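Below, in structure tokens: the form deposited without ligand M2P, a single chain.
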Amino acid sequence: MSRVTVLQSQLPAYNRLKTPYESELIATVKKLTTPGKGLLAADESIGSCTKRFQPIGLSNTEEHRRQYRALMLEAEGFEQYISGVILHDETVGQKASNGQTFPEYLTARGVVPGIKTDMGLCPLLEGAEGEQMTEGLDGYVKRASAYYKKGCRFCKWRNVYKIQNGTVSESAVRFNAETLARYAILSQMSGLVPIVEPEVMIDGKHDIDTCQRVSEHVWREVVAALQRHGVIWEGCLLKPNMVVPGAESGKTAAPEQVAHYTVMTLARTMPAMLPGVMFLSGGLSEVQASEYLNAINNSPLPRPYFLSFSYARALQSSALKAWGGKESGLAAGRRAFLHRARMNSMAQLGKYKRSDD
């Protein structure tokens, strides 16, 4: 019958995000998916450093926090293995030894500066007890734009899912998926490549199968929400958990099993265009983190995306102990740091050898 002239942008089929940063976002994703490189996640909260530093009797202060980060960021040669670093908000404004801001410093070393833009976990208040949402969308663009102006080119936002009794509430599944998808859009509009982090927590007694089933359900909805919001696929990354048995389940999965379940889960849910998957390491030992990624990278299952790491403790633990919080500890700390980074770089290439650890 009747015809009406509308904006094409009002049509469901024409909803892909329109951002003038498109091409630079893709260029950043190419940098972030450089073979044999991965990301250093150095976005730990101020708060967390208190516990972190106790073992090394380092007081949790702003300057000592800068020194902890500089331990890794000014470790000469890390660039060979790290393509970008997810910075904490505080660190963005900190200076390296030469006076440059960390973002300036990294960039000049060819490393992309990134920033954790989420505002933390809060009770979901829907769903099951212990479920949590993530805050930070309010005023997002203003924040992201100032980060961009400071040299950041990518960001990270984490939502969690807690397996309890073998399942998670649909409330969580949907709502957290929606939060991730909106964050990805606002990031892209702000000139930041969004790394979308839907972490199914390792916590619990559940088995690998449960972890598999829950991850596939959770991630499929994250994808469904990202398609609903029209994300630029070519310009985003995923940082999921690997599929492993629960922390207290009593069992440890062999590398090949982990690879099998992980790669399978991803392929079942992620669109083939997804450029890269940078795994989180939570709850894994420094060495498993590397062994697991290596096996992932030897999997015969479909995996068109770059598979690599985005690790925190798995790159830092040994380093911090050797460093011990002292200037005199830099060298040793840095050797441990570089070692881990190399092991993971090999792991990304599927050439890791446990003999090297």
Contents of the next structure:
4 protein chains.
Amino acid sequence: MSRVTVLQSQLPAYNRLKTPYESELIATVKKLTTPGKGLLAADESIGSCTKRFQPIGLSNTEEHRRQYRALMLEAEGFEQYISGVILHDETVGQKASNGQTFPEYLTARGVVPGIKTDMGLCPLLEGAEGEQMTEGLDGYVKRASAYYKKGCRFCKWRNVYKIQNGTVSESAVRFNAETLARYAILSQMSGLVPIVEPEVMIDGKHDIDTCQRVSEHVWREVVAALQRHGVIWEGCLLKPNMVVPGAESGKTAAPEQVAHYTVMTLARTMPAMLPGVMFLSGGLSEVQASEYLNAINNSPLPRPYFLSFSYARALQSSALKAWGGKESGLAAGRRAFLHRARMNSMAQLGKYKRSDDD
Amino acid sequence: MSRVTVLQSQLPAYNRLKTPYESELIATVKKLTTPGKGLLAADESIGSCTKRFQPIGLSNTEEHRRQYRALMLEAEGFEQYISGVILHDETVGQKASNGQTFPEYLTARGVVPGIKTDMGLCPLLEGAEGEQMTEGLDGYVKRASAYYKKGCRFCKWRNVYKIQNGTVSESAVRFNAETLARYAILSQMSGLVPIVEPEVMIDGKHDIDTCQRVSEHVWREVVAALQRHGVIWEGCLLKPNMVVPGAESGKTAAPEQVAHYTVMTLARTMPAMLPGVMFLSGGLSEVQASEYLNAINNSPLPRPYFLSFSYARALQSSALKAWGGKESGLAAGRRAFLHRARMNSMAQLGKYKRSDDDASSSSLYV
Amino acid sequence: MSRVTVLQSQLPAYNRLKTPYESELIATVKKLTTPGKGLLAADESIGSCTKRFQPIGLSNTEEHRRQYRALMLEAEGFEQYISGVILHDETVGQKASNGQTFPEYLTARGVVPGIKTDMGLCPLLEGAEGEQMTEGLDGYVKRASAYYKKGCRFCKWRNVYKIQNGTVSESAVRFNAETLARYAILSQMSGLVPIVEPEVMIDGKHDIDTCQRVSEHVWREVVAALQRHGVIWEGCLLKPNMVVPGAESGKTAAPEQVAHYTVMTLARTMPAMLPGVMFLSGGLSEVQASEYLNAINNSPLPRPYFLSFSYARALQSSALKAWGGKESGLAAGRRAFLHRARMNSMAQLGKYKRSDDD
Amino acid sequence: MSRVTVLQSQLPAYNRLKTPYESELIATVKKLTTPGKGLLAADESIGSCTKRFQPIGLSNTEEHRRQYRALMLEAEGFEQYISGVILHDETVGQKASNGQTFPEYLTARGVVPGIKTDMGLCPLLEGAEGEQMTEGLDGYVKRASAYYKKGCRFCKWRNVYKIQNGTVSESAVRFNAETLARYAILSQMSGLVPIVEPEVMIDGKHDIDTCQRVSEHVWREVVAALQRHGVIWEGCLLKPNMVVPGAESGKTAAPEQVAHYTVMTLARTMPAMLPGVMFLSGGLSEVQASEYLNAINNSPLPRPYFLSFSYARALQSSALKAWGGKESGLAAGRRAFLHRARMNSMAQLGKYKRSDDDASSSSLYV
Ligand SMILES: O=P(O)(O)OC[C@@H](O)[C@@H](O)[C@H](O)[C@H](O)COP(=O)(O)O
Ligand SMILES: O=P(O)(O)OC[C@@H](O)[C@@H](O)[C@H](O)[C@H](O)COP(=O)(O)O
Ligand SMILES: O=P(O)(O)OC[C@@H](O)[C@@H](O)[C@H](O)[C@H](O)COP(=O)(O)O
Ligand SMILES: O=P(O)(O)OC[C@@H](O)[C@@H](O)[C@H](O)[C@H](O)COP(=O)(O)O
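Next up, the form solved in complex with ligand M2P. The previous block was the form deposited without ligand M2P.
What follows is the entire complex, opening with the chain shown before.
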């Protein structure tokens, strides 16, 4: 009957994101999915730092936070295990001992500079009490473009989901997925590879099966949102929680079990094109983080994507203690850091050996 | 088989927003939906004021903008036709000649103080070129609660939809609907009655049927998004465009036709509980804005909601001309305003008489 | 940059159903929304007749069912209170005393003939145990077209929702809404005004508030599905449950409360264009059905749509008892029927007086 | 603030279909995903046999149809290439030359019996003219459980999408996806592994890119519908079209381009858990079907799922011609058939040699 000439971009099937950065996004994804390597999450907020300087009793100052990063970044040879570093806004503008800004320092060593672009958690104000959303989309492109000029080529945004009474509200499931999807699009348009982090928190008395159920439910909606917004699959990365029992459940899971549940959930929700999955440690111990990732890279279940790490706590705990916040502790701190980095590097390769942590 | 104890608030059917401000939001809606009254939209941005100040060749200063606003906010007797005023952020802080801030000034005169809370249009960056989204959800509650303290009781947020090639992208239909829905929730939680404004623009060569189809499509997704975010229907208002032919279509619709198409489109998409629809003028001439509203209020079609106006251009055009800027044309300015406000007050009641309106009115489209 | 010529019907905003029957569908709606009139639901299945015939000692035969329908359809005077009658597939082909098929007989006497087109409830096989879906869409156009030929001008389809533990599953909320919307579209395309019936059953121990919550949640999705399918709003009717406490709640609700909750729920979910809402009695007594409808038509809440009845049990109970299935009880049964039809007629007008029912 | 005890099955996150047939379903997938083996699509309807017997002039009779399928089913040694066969309704009840039903015959021969359970295409009656939906969900569990009792362990259901003007309507995209997902669920509940077939037809002037876009769009929705209905991913299979230019586009794609586009589209839409993808020949020639599958199994792109075949035409065409419907032609026919079977078997392994195959294969598109 009646025909009409429309713009191809107005047709539902042609919603895939169009950006001149596509080629570079794929290249960054390539470097970020290097065998035997993972990411160092060093984007702790000024408030989280206070928590970090505790078992070592160090004051929370701008200078000490810079030394906190310098401890791990200026550690000779770390680029052997780390392919990218998620920096905090403050650290982006700080300089290493050699005078290079941290992004320049990383870029010179072949390490991709990354940046946490979200603006923190806030009450969801919908759904159930205790649920939270993430702010930061207003003025996003402006901020991202500036970070890109400073050398950053990838970013990270975190949304959280709190399991309560074995479930999570649909308000949270829908809203946080839309937030993550929009974030992915604005990032790619700004030239930064987006690390989409939908963390189903370990907090709670739930068992591994509950975590498995909620994680699958939360993750598949993130995927649906991403398809709605037309993300470039070849140009993004996922940063999920591992499927493990709750922190206050009193139950433990064998590495084989975590790998089974974690890998099964991912495969059941993620498109096979997803380039990589960089696990957050989120509450697991340094050894758990390594053992689990290792068992995950030994799973017989389908996992076409790169499975590695994007650890903060699981790579810093020991390094911080041995360092003690003192110069004389750098050598020991750096030794502690590289060891954890090496263990996780081998875990990525499925050759982790627990005896090495004995 | 297995049973589990969950919070009622975690179940899909219990997503309705819970706020202690509910009673107050409803009360405000009542005032905002008073027979024979509409809203004055004086929320033009600082930049937009440069577009209002061109014809009269006025200096775009903070003092002048205050006069621009005071020109009509102080015009005695206007509260007989205006039940609420949408103020710009800067005007909320300015004072009237009496020393009271406009919010305080308006309240004492019975006129509810409102505030435009959105942060402007930006490129959608999804869908088709030319489409735009609206920012402002970050730190919203913090801004809204502050406005509340200053006396504001309702807010306004505007999203736009550009008809191109007889259609709009779904990226735009979905995203702007979600933005508007979230906006409504945060406003109600902050104590401000939200005026949801999904404007399908008159820009383009599209005819009235194309505007009808697009408006229906856009509006229903806004309603769907509102249902998912659980808005309190009894406490919000809609500010839509009227369904009319495009500005460059070469055609002009008769009042009866615009009434039919507009009232029909609202009925097919809006829940019967929606307390009120406050039309934007969107480029129509001052007379058309009055003529069409009057016809709308004489439509035999279903319309349980209060139908009125929330005009900016269709209420300030001539009153601005007569004013010119000097306090000399103040009487002439406040005279042209009260007349336009009276014509629309009559329209709300469906008693508008074209014979009482100037026999000459040019489009306010740009 | 790139344009494409497509069919206007391929665009999302142009999904409204196109049918040459539109004008007739609206004309039918007008007759079914006539002040002081309602619908008689006489579409009981063979199995339901058993439940109606058992308590009066009447054998369930093809002949006794016809006599069961004749009892009401030939109660001269009922046309004054009944604008339409929902017939069972069997009755459509039966004949009244004068040799006319019931549809012909009804049409000749000013009543619009309708037909129940759904094929029964079945286990949902998704969501929670006890939930059911409704079959009937396969070959629907063929059946509906045959009905139109015989004189039917509107139809009815029933889906049910069972409140369990104060909630219902999304699987049911979504699936049944999609079933109803598809059914509405196919009915209109066939020239039959569709009566959409999403019955939130009174069964259970829930209070009126829970019914309100579930009814609003169920209603809204039915509407959403109708919008996605592009139904002609000016050509359909809703046949919902009134909002009242559960049948096993041991709680009673005053007429004014039912009216407030019911009218408020419709207003919050139904587009103002919906032409009419014909309530099902669903377990309420004959008196509650009249009392509640009467209060609904006296409610100060918004209600652009016509509010009337589409009752089965609430119009048949007393009549079946007085009739006793005996030709010698016809006069008594018909007086009871007319009385009940009369009470609901005055209820539609908001002039029902409880004293009239003693 | 208040709590409530509900069934776990009432919560959104717990919607995975639960069936006692899960184990057997997965076991069945394992059989249907055996390296070097594919499926034989012999579910042609009586009306579809009319056009297949047209060439060799064979009367469409229950008997002639029985032999037509026996030709391939009783082809000695075909089990080395075929893991399962999709039968038509009547063939399920017909008998092999040894007196036992084909299902019993195939089972004893290590082959899995399958049944096509859809009731055919019908006008969509929504969206655009030319679009079709598929009927068959009414009384499904009853029919399916009947087939299961007769030996069947998997089924097939086909929905089609027609590219027109470079696109398809959302009405079709949504409705056909929901139909497939409900079909999948009812199938698993009846103990049958469902092969979900969303065919974006090769018909049209469109190029490979338009087919890619449309296929991506259509398939992701099927996936969305499957997640909403809670399908058991570990127990189902997908049967899509390959991404190739239209039959009337005038262009023909090189094996490796088809591989790139097809695999890329699958990876962007399908969850990594999806057991396998059994392609349809959809009109391609016998050799094209084999070449493309070979190139597909040689793609460097991510593809965790078993990629194989489930052809009807591309496997029967020449074998049928050789048979001629004559008894003396059974040998000639079964050689051609077992040949094509071997070719696709190699293609499944990415070890297909174009040399070892015919030199000229005509289009099977009508
Ligand atoms: O609360 P803040 O100051 O905003 O910091 C958050 C930041 O540490 C996290 O987003 C990590 O990047 C990520 O969750 C992996 O960390 P682990 O879960 O492996 O410890
Ligand atoms: O361009 P800005 O600075 O964002 O301000 C726009 C604002 O004045 C309008 O949106 C009114 O609130 C309303 O929509 C009526 O406008 P008219 O359509 O009646 O002119
Ligand atoms: O279960 P069946 O044998 O198919 O028949 C059901 C049928 O009587 C009802 O669906 C009515 O059409 C309507 O719902 C009003 O019924 P009441 O609730 O007013 O009695
Ligand atoms: O006309 P009907 O009765 O609906 O039967 C069609 C049926 O043979 C096909 O759909 C196959 O099951 C499969 O899709 C492979 O088809 P091709 O490989 O020949 O393209």
